[PDB]
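Quick setup: one chain, the form deposited in one PDB entry, written in structure tokens, and binding and motion questions come after.
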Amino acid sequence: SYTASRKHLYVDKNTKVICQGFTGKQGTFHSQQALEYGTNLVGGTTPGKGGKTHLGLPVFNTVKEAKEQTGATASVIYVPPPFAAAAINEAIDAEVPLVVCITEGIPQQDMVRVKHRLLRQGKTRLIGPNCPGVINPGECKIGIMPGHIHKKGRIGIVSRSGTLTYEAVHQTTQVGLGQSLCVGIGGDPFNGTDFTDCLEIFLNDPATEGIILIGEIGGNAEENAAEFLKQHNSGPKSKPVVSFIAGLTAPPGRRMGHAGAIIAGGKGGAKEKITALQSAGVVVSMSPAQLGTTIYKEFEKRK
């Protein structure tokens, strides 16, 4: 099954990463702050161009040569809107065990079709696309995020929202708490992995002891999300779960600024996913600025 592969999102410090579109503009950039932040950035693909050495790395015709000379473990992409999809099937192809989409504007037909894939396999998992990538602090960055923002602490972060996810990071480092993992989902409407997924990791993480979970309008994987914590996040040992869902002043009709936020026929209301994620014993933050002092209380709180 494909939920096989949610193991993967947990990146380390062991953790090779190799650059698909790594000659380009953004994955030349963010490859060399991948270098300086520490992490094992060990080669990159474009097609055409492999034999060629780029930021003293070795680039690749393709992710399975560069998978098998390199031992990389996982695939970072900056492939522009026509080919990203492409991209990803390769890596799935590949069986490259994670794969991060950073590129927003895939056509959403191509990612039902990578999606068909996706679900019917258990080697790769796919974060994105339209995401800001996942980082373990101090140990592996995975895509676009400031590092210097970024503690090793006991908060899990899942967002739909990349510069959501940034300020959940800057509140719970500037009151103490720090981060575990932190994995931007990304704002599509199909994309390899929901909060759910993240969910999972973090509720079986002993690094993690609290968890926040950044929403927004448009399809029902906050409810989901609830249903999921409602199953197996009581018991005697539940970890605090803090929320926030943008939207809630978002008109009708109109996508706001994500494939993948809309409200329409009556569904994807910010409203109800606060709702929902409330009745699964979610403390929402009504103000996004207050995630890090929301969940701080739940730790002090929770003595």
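If you superpose the two forms and keep the largest set of C-alpha atoms that fall within 1.5 Å, you have the rigid core. Positions refer to the first chain, counted from 1. What changes on going to the form deposited in another entry:
- Among the residues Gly43, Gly260, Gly27, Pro240, the single one whose Cα moves by at least 2 Å between the two forms, once the core is superposed, is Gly260.
- The Cα position of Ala250 differs by 2 Å or more between the two forms after fitting on the rigid core.
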Contents of the next structure:
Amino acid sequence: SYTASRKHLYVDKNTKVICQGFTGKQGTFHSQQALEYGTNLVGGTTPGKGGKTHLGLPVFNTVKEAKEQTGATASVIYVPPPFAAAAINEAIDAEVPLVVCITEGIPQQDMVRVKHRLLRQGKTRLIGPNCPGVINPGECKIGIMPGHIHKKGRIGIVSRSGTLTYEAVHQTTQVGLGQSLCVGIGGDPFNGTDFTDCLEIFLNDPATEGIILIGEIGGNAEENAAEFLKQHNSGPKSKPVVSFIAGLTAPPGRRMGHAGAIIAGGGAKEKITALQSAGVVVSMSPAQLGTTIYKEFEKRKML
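Instead of the form deposited in one PDB entry shown above, give the structure for the form deposited in another entry, please.
Here you get just the chain by itself.
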């Protein structure tokens, strides 16, 4: 099933990456930063321009044309929202192991269709859309996150927010713990990877000893992740987990319908205490994530 493709989330320096929307303004930018950081970017694609050379790498028309001809195993997408949903299906059709869609603003209805078939196949793992990406510090960098704050370390990070994710990464590097694998699942409600998928990798990764989960008010993703740790991260090999939820000071939105409440039964107190009940240390200050995970190692004598 689709859960099988979880393993493809853990990129390394052997993953050969390609860029959809290569010649685009963003695809051009973050492709440079990807090559400079040392990521193994082997080319990209732009309809109608297959055959040209961009950034010294080949440009193809389709993903399959780019995949088999370069042995790519990961694809990052910067296609505009109107056609981003299609760019994902092309990668799945090409059976790309890992697809990371950075584009924000894809209609939910489009992603409902993408996710529909995505859950019917186990070859392609999706991250996003509307996410920063995934990065193995020092090894592979697929996304927009700044690579100059990442140190290969012992902490695995999964974040639902965006630029907020960089805080935990930066803070964990300063305290000396570094990061084992940072993953941004994005903000869009229909995405290809949730907290549980990353928690499954972090708990099963020896290099991941501590965990940081960064969520925010809205939905029930934080509660779901809480119940997972309550089942798989309890007892002997209990890996320490830290978290911060943004918006606990935000005001309550202006509603228009009874549907939301009937389905919920949501934010701040709910997510916090629920997360805590699973045994995770919820940092109230967004600036004290690194300091918190650090002392959690000191409290358990893991430094």
